[PDB]
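Input sequences plus hints: build the corresponding full structure.
Residue-level listing of the chains:
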Amino acid sequence: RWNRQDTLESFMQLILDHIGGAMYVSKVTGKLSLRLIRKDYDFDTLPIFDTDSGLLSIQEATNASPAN
Amino acid sequence: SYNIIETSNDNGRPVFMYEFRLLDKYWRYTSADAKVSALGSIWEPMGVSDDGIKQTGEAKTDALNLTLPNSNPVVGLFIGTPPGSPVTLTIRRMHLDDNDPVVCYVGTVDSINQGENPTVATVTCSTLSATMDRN
Amino acid sequence: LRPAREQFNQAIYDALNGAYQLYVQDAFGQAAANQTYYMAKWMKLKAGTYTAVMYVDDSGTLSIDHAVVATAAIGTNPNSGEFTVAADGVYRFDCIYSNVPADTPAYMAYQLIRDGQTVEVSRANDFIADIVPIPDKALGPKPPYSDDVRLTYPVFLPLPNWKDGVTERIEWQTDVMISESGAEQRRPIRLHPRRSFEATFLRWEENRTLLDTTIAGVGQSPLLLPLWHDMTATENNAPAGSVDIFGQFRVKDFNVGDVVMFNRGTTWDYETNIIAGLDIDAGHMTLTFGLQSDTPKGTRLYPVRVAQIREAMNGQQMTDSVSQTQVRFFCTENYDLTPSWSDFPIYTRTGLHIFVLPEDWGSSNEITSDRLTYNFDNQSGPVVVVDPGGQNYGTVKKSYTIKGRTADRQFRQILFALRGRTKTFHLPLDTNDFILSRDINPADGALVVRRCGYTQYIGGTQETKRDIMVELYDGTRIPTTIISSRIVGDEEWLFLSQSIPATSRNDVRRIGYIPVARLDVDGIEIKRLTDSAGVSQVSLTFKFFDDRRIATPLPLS
Amino acid sequence: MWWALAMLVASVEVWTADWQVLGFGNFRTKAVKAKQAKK
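The listed protein sequences derive, respectively, from chains A, D, B and U.
The first sequence begins at 206 in PDB author numbering and counts up by one.
The second sequence begins at 2 in PDB author numbering and counts up by one.
The third sequence begins at 6 in PDB author numbering and counts up by one.
According to PDB author numbering, the residues represented by the fourth sequence are 1 to 12, 50 to 76, in order.
There may be inaccurate statements among the hints.
Derived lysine to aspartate or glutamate pairs resembling DMTMM-like cross-links, with alpha carbons at most 25 Å apart [claimed, not checked]:
no.: 1; chain 1: B; residue 1: 402; chain 2: D; residue 2: 11
no.: 2; chain 1: B; residue 1: 428; chain 2: A; residue 2: 255
no.: 3; chain 1: D; residue 1: 61; chain 2: A; residue 2: 222
no.: 4; chain 1: A; residue 1: 244; chain 2: U; residue 2: 50
no.: 5; chain 1: B; residue 1: 428; chain 2: A; residue 2: 257
no.: 6; chain 1: D; residue 1: 55; chain 2: A; residue 2: 265
no.: 7; chain 1: B; residue 1: 428; chain 2: D; residue 2: 99
no.: 8; chain 1: A; residue 1: 232; chain 2: D; residue 2: 52
no.: 9; chain 1: U; residue 1: 75; chain 2: A; residue 2: 214
no.: 10; chain 1: B; residue 1: 548; chain 2: D; residue 2: 11
no.: 11; chain 1: D; residue 1: 55; chain 2: B; residue 2: 180
no.: 12; chain 1: D; residue 1: 36; chain 2: B; residue 2: 153
no.: 13; chain 1: A; residue 1: 232; chain 2: D; residue 2: 45
no.: 14; chain 1: A; residue 1: 236; chain 2: D; residue 2: 51
no.: 15; chain 1: A; residue 1: 232; chain 2: D; residue 2: 99
no.: 16; chain 1: D; residue 1: 36; chain 2: B; residue 2: 152
no.: 17; chain 1: B; residue 1: 470; chain 2: D; residue 2: 11
Derived list of chain D stretches under chain B, where covered just means 3 residues or more per stretch with a C-beta under 8 Å from a C-beta of chain B [what the hints assert, rightly or not]:
no.: 18; segment: 2–11
no.: 19; segment: 30–41
Pulled from the structure, derived: some chain B residues nowhere near chain A, Cβ distances all over 12 Å [what the hints assert, rightly or not]:
no.: 20; residue: 19
no.: 21; residue: 41
no.: 22; residue: 387
Derived from the structure by calculation, the hints contain no laboratory data.
Each residue gets a CB set at the ideal place from its N, CA and C atoms; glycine is no exception.
Structure (structure tokens):
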């Protein structure tokens, strides 16, 4: 529901959070576009990145004890 | 054949062309130093220079800041009274010996302000994602 | 004969597109009885109408090419208008005025407005004023039609001081991204390098004044820079108005449509012209415009560049009349030259060109070896530096001295084959190594070398130490690559991926390394101690490493 | 979860705040969004 109407970007934020997706603009056309964050990958065709294939540096090398 | 040259480690060519568009009133620019001609149009070498096509999903930060020479009519459109109709900017990314300039940015000209660097003004160009503050 | 004079009005001035008073007499109120006053200048004209109002004292007249076009009634009336020249070209604006017996003020002004468009309205300091009419050759050489805007820029006539050397820099922009492990990326940013020139100027006695006035006037604007470093001279004798010349332009910077300058001596009688085309072998050029006045045999020819002084100028002096200073310039046009790897070996096993350049033995070369990576430098205690890629790289700078104009072209073609930090190429650093203890036997397919610690201390697992050049004593270049080794006794065995002609151990000059190299600095400093015909030494720096990134382009672009 | 990606800038999720009014206050059931006026 959209009673007591608010800023449009906030409502789109709410809807995107519900669906868990990303609104974005296509790099080529420039048209507004929508993306969903899902399991749409086969873990086989993915490109492998190491220093010998395009990786320059890992700017985040620490671990912040993310166990809790 | 663009991607093969683009992803090469020891092969490449510099070009970043800019199309300033206003209901088909066109200016075809080139950040390189040469008379680049592609896509059926000549992209003149002008002092335009990108600051990075950032895509963060955050408004303001992604504002593409172009250093555009003031003498251009593109800036001239904004002297005193800017256009009543939005102006769109398209950037293309071909190499040389190549002929498919994969478009990389389709932002619009939101605001312009001259300043300390009189030879080039600052042009701010966001995209549709960040213009959603409407009531 | 004397220079003309002018004045600033306000009412009349604003009346006709801001025109001045024109007169030759020293002061305004000094006319003479029925006297005539003459003046002439060159004005640029198409075939247009050239409507012009003109007001003068006592029936003064306008004229073109000795053809009177109008005369002014004593009142400031719109006396006359259109007078169509009907031909495109430059003509002599040779208006004349007079005053009746009285010595009242003598005044002229005119209102050239072609088809309603203001041109040459007033302020004609180009005039030369005399009490009698003068011919064209008293007026001065007719200027070129300069349809190209290039010729409009001022010419920098002051010459350089050769006894200190001439410095020129050809600058690319080539960004290189190097990962933590040394894997490198390459991106030439400038298609055609931007060009800059420098020279030490030492002038005096009206040459210092010329340099000072010209440089103060220019400041930062485009200017016509004569390439003194590429000086040359005519081969034939050309009469007045000729449109083509033979000369020596084999290798020096002359191109179709280039701006060429002529020096007729004394440094004040000069010319700038455009060559529509030229022959590179049957040395010859066609001039867009018949040369200004005349060009006898031996006239100095300079190729010119549309440059700009993009820096401030230092005020340095020796005496109240003598001075010296270092002025730099930047070419506004691209330096276009065709690359080529002329005659250098193309190694079959690598697809890269050997750098066979006969580099000299200047005082000393520079020596380095690094891995680029470090640890958290603890405030105190131990440190553990980590090798990222386990591969060695380094930089060696070694001078080169060019000799000759064709040698200069060859080096330009090379330096355009590579571009700043763009391309790879094998570098023979000319270091005697691997003294062949035993003879070269192709049957075993392995070199035997004096024990120097290769296999033990260095090992064959270093790309920057695997590529070697066996410069056979006859000058033949035998590039080869190291693949494995056996170590025994006081000798070391080196297996190679390719065969080598059977030769005795005493059949070689050196076994210098030829590792994968990449030019270090972006802008190349070339010291032109003389014109292209001679000393043009350079101080390149080569960074030797291994190219590692493997390109499996990202799919589904 | 786009909130989770929004907090990608964090320094590592507990919260304590009041709300800026949204379309919750009910006077007409909506089995589907027909939007609404605002008065």
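Is the hinted pair residue 55 of chain D and residue 265 of chain A satisfied, with a Cα-Cα distance of at most 25 Å? OK: residue 55 of chain D and residue 265 of chain A at ~19 Å, within 25 Å.
Are the Cα positions of residue 548 of chain B and residue 11 of chain D separated by 25 Å at most? holds (15 Å)
So if I understand the rule, the pair passes when the alpha-carbon distance is 25 Å or less; does residue 428 of chain B with residue 99 of chain D pass? holds (19 Å)
Least C-beta distance from residue 387 of chain B to chain A larger than 12 Å: holds (20 Å)
Quick one, are residue 232 of chain A and residue 99 of chain D close enough, alpha carbons at most 25 Å? holds (19 Å)
Restraint check for residue 236 of chain A with residue 51 of chain D, where alpha carbons must lie at most 25 Å apart: holds (21 Å)
Tell me if chain B covers the segment 30–41 of chain D under the three-residue, 8 Å CB rule, please? Our answer is that it holds, as 3 residues pass the Cβ test (under 8 Å) against chain B, meeting three.
Does the structure keep residue 232 of chain A and residue 45 of chain D at a Cα separation of 25 Å or less? holds (24 Å)
Minimum Cβ separation between residue 41 of chain B and chain A greater than 12 Å? holds (73 Å)
Straight-line Cα separation of residue 244 of chain A and residue 50 of chain U no greater than 25 Å? At roughly 24 Å apart (the allowed maximum being 25 Å), residue 50 of chain U and residue 244 of chain A satisfy the hint.
Apply the coverage criterion to the segment 2–11 of chain D and chain B: a residue qualifies when its Cβ sits closer than 8 Å to a Cβ of the chain, and three qualifying residues are needed. holds (count 8)
Given hint residue 214 of chain A paired with residue 75 of chain U - CA-CA distance at most 25 Å: Cα-Cα ~18 Å, so holds.
In the structure shown, no violation is registered for any of the earlier numbered hints.
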